[PDB]
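Before any questions on how it binds or moves, here is one chain, the form deposited in one PDB entry, in structure tokens.
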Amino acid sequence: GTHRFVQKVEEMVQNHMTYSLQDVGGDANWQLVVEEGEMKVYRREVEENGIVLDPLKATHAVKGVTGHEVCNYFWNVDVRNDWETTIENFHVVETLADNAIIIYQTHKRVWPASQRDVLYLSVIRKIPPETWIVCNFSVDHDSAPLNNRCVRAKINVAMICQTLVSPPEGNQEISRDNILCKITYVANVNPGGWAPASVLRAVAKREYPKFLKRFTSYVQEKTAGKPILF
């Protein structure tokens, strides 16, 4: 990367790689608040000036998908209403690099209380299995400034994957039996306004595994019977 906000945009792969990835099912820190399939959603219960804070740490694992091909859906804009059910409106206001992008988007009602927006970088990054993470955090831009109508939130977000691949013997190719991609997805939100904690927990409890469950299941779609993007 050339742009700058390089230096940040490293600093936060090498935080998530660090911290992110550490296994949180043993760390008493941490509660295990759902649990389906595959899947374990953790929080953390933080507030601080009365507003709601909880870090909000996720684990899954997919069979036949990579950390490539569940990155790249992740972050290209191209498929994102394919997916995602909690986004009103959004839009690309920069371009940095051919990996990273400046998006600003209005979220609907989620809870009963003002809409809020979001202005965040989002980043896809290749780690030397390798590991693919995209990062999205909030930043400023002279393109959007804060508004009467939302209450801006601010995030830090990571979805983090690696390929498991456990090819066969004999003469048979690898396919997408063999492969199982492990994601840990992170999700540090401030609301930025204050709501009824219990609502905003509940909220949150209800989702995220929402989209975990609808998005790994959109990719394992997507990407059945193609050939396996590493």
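Just so we're on the same page, rigid core means the largest C-alpha set that superposes within 1.5 Å between forms. Residue numbers count along the first chain shown, from 1. First, how it differs from the form deposited in another entry.
- After superposition on the rigid core, the C-alpha displacement between these two forms reaches 2 Å or more for just one residue among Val79, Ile87, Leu146, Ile155, namely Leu146.
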Second form
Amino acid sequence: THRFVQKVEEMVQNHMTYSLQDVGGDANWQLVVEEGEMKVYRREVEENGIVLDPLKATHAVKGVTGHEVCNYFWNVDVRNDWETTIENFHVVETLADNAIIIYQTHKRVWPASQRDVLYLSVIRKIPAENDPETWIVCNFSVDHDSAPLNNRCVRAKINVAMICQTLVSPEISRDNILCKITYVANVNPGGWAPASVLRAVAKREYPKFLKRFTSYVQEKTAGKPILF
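After the form deposited in one PDB entry, can we look at the form deposited in another entry?
Just this one chain is shown here; partners and other molecules are left out.
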């Protein structure tokens, strides 16, 4: 269909192959924050003095499906109900009914300069018979000609996936469904930013995002028919 179909397939397949792997047994991942089933890990990585620290988190959210969690993560129309770090966003291009290109600016965290991002966002169902089906959203930086001029901003590059598998434990009720998330984010912030700032913002904002976002999906879907 669109011009990014092959690249999308490739990003989605790399995440299904690598990002889903369990890291409980992997000492290369540092476990930074645990709050119940919410477990947030990082690797400490710098390229030319820029912090790139890979983020990887798992969570287990009662009462919602993967399909639902991924719709809410992907659907631009509900972005302001859960995002707390975005100043502005514009849909730059609609590629298909499951893929768009988005421009957004993040709120400045003093004393770093503000960051903007230009990324393709795609939502995909990955079919399983002994395995679970998966819903995934991948957001990854692309180049585009309708990129704004924004001289307040350094351009960050991202490769993020929200990957969800759904457990139903034997008319199915929300009480019987559990969504397992794996969330990964590799962000090159560009430019320079104090390493302490980058790291404090990650450490604060990723767990806050995961709590907030997953509670929002629980809240919006409760009392609604289950969308498997």
